[PDB]
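Here the complex is missing one protein chain, while the rest keep their positions.
Letters A, B, C, D and E mark the chains as written, and numbering starts fresh at 1 in each.
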Amino acid sequence: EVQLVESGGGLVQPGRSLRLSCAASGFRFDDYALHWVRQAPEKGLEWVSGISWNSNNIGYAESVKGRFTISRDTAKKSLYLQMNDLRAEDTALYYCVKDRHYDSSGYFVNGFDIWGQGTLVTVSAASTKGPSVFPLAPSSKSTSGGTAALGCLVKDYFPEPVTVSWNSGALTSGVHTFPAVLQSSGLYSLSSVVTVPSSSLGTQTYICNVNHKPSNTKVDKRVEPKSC
Amino acid sequence: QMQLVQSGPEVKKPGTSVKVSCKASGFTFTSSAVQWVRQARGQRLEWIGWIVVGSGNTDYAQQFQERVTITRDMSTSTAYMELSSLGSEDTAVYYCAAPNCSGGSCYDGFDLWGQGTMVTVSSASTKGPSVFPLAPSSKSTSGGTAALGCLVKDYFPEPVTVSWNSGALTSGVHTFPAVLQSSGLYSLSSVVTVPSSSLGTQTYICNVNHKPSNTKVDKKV
Amino acid sequence: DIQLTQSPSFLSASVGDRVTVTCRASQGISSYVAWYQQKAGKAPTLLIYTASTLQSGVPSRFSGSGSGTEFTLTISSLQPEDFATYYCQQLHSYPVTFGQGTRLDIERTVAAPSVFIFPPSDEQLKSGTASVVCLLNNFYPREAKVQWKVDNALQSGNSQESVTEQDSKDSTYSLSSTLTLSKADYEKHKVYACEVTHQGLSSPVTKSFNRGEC
Amino acid sequence: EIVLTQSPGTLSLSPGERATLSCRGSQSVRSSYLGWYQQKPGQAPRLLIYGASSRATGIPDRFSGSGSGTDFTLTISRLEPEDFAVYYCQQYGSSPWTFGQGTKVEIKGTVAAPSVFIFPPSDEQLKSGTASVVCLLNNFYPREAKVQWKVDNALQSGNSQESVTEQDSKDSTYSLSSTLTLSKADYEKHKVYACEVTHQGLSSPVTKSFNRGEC
Amino acid sequence: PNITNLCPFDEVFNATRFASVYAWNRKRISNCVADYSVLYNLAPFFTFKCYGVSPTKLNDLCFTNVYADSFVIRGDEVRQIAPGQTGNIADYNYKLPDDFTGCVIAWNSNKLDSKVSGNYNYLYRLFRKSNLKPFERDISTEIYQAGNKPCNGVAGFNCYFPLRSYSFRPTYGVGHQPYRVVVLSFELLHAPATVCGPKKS
Partner (left out) sequence: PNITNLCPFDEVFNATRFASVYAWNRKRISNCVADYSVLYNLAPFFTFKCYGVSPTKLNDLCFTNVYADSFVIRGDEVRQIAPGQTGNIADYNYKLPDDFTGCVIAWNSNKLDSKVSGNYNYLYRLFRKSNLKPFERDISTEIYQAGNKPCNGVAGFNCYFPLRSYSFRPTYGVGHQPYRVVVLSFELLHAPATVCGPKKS
C-alpha cells in the first residue's frame, strides 16, 4: 500500500519560520516526483510547489515565490517544505501529493495519484480567549406554525474546537450547527439554533453547552422566552 | 586543399534582412569553429560572435544583439549568419575565419579566412553613371606638364571601372576612390598628366564601365 | 499563466440522470488535462488523465472528451456516491492552476423558507456591540439573497452571511445572516428589518422588529 | 571589456631596417591566447602569430612575438617592400573578443615640394546646373596635408570632399584631390576661387587662385 | 515442469525511466525460464533484428546466461546501432562487437519521453580522443583538450564540454522523436545453461 504522512503543522505567529515534513511508504522514493498543494477553506485548490527526480527541475508559484524552499532526501525518504516570511495568506490545509511520471508537467501522461490527508497551518498574532455565550430569547417573532426557534451565539474564540449540545445531548432534533465565520476583528464566531414547539416554551428546560479545550472554558446558559 | 568560400555581393533596402553564407572544404569541418568579423572601408575591425560546429553553441557580442543569428549545416558543411534591421551602417565586408584542422588536431590560431562579402544597404536604385571631362587647358599647364581627366558621378552601384585610351596610357594615371555624396550616389575622379608638347596632337579618350547598369561610355577630352 | 473556466457552477441532479461539465481554457493546451473528484472533507482522487484515458479502478460511468480548447466530462449513470466536487487541471505550462470547481447537488422541489429574527440580548448589548440576526431555513434552492434595512434605509457592507450544508433528511438548506453594529450606533435608529428574496415566495417578505416595543 | 591600444600611430622607416610594434591591453589576459594579423588594402587579412609565442606555417622568422600581462611586442628584424601593411593584435581567452586600432607601417625618405594644380568647373557641368572646383596635389612624401578653400577672400568649409591615393610603388609619392561643389547661381554670384596649401614640405604656404570673370 | 519461475523481464521493459545512452544500465538474468512471447505484448512498431541466431527458434535451445542493456536514442541511431556500422554514437557510446549473437529491440517512446518545454534528463557524448572497445562504459565528465595546449579545466576556445543534451518536443518529426532500445546478448559457457526456454506438453 502507498501512504503519505505529513507533520509539522499547527499555529505560527507572523514573522516565525516553520518546516513541514512528509514521509512516504510503499513505493520507490527516488524514482517518483512529488508536489505540495495547499487549500484554503471553501476556496477550491491552489498549487504551491513541485520537485523532480534528481533536483533538476523545481519551480514555485509566483504568489509564494522567494519565501518557500523545497528539499528532498532519499536517504530517509523525506520531503521538507521550509517556510519563511509567513503572512495572512498561509493559513490552509496542505497536501503532499505524489506524481506518477518522474517529472513535472509537459509529458503526455501526467496526474496527481496519491493525495495525503494534509496538515492544518494557521497564521495569526493572537492567543487563547474563552468564548462568550449570549441568549437568543424566543418570542412571538420566533414562532411560526406552532414552532419556536431558539439558540445561542458563541463568539470570541481563537482556537477551533467547538462542541455544542442541547440538554447535555438529550435534545438533538431540530438543531442546526452553522460553520464558524471569521469576522473583521480576527475572532471567529458561530451560532446554533434549535426548533421546538411554541407550546413547549416555559415548560421544558433548555441547556446550552459550549466547550473550548485550550481555554478550558465551559459555560452553560439558560435561555427563556422574553417577558413583556 | 583547405579553402573557404563566401557568397557574392549583396544589395539590400534599409529595414530588410541579410543572410551571409560561408562554406569550407578540405578539412574536418565538424571539429572546428567559425568566427564572423565585418569591416568597414578603412575602419576598425569588430567582432560579432562565434559558433562551435561540434555542438552548435553560439556566442554574441553585447553591441550586436537581438538582430544576429547563426546557423550551421554539416551535410553542406556550411555556416550562415542572419542580420535584421539593416541600415546605412551595415554596408561593409564580411569575413568568416576558422582554425584549420589537418586530422584530429587543430591549430591554436584562426588560419583559414574567406574572400569577404560586400554588403551595401541603400534605398537608391541602379542608374547609369555620368561622365564629366576635365579637359586640358593653359590653367592646367605648369612647367610643361598638363593634367587632364574624367569624373564619374551619380551612380548607385559602387563598382565602376575607368581606363585611359583603352589601356594605351598608364603612366601618370591615378584613379581616386569613390566618395558617398549626400544625394546617395557615388562619385570619383581619374587624372592623367602628359607633357605640354603632346596636347592637341592625339585624341584623349577615357572609357568608363559600369557592370550592374551595363553602361560603357567612351568620352573624348 | 493559463486560465481555466467551468460554465455551470451548480447542477442539481438525481439518480439515473445525465450530467455534463465543460472546462475550457484560453490558450490551446493540446490535451494535457486531468479531472479530480473531491469528496466531503476528503483528499481528492484522480479519475481521468489526458481527458480520454481512464487510470485504474474507476467505474465505467465516468467518461471524457476534449480537443483544442474544449474539454467535456460526462457521467452515464449517477449513484449517491458520485455527488462531490469536481476540478479540472491543465498541464501544458509549468505554473499549473486548477479551476474554480464544480459541485453536483441533489434534487428536491422548491421549499418555502421560514424567517425568524432575534433582537439583540441585553447581555450582548452590555459588551458594547449590537447584533441582529435574520434566519432562513428549510429552503431547497440554495440561491437566495438576504437584504438588511434599518429605518427603511438599505444597510450593506456591515453584515455577514453563513449557510450550512445540505441536510441528509429533507435535503434542504439553512442560512444565518448577522448584522454587526456597535452599541452607541444602535439607539439612534427606530426600525430594524431583514428582507428575503427567494424563488420559494412570489413576493419578498417584509418583517421588522421594533426596538421600542417589547 | 578588454580594450587594446597601439602606441605607434605610424612606423615610417626604410627597407632593411628593424621595426618594433607594441600593443597594450587595459587588463591582463591569458598568457598564450594572443594573435597577430597582417592585412593589406583590398585583400583578406592573413594570420602571422598564433599562441602569443609561436609562428604559423609559411611565415619567415623575421617576425617575432613577445610580451605578457597587458603588453605585447612584435619585432621585424629586416624590412622588406612587401612587409608594409596594417597589423592587428586580438585576444583569445576572455568572453568578448576585440581588435586593436591597427598600426600602419610605411616608408619615408625626404620631404619634397608637391606639385599643385587647380581646375575651375567645366562647361559641361555648368550646363548641368552645378559647379565643382578641384585642387590637386601630387608628389609629397608626408601623408598629412592642409588645404584651405577661399571664395571671394572668405573661408569655405563643410562642402569639400577629399580623396587620397595610396603609396606609389615606384617613387613613394602621394596624391590629394579636394573638390568643392556648388550650385550654378551660388557659384556665379562670386568671383574669386582659391585653394591654399601649407604643406610642411613647402617652406611657405602657396595659394592657387583664379577669377570667374576670366574663366 | 510446473512452469512457475519466470524470468523478471518486466523490470527491464516496464521501467518508468531509462538510463542515458552515454551511461547505460547492465543487468544479468539467470536461473529462470524465458517468456519471449511477452515481447510482442505491447508497442505498435517494435523491430527485432536478431543477428547471429534464428529469430523464431530461440525458445528451444538453452543458454548459459543473458545480458540486458538499455538506453534512449534518436531516430537514425536505431539504424546506426547495427553491428559493424560506423557512426559517432556507434563508435563513441556503445560499439557493438563484430561477432555479436543477440537481439536488438527499438520502439518509439514519444508519448512517454517528450516534454513541451524540452527534456533535459538525457545526455549524449559528442567527441572522444579515441574510439571505444566493445562493451565499455565511459562516464567521464572531464573537459576536452582538442588542441595541444592544455585547457586547465576551464571552458572556452578549443575547449568544449563533452556531453550535449537532446531536446525532445512533440512538434519535432519522426526522425528526431525519442526511441527506446534494449539489447539482449546471449552467452555460452561451462555452466549447465540454467536459462532454458519454455517447454510445452
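Going forward, contacts are C-beta pairs under 8 Å (C-beta built on N, C-alpha and C of every residue); 3 or more make two chains touch, one makes a residue touch a chain.
**Student:** Pick out which of E:57, E:190 or E:200 touches the chain that's been left out of the picture.
**Tutor:** E:57
**Student:** In the complete complex, the non-displayed chain touches which residues of chain E?
**Tutor:** Against the left-out chain, chain E lists 40, 44-48, 54-57.
To be clear about the criterion, only the chains that are shown with their structure count from here on.
**Student:** Does B-D or A-E have more contacting C-beta pairs?
**Tutor:** Counting C-beta pairs in contact, B-D comes out ahead.
**Student:** On a C-alpha centroid basis, what's the spacing between chain C and chain E, in Å?
**Tutor:** 56
**Student:** Just curious, how far off is chain C from chain B if you go by their C-alpha centres, in Å?
**Tutor:** Taking the average C-alpha coordinate of chain B and of chain C, the gap between them is 77 Å.
**Student:** Would you give the residues of chain E that are in contact with at least 2 other chains, written as numbers and ranges?
**Tutor:** 116-117, 149, 157, 170
**Student:** Residues of chain D that touch two or more other chains: which are they?
**Tutor:** 32, 51
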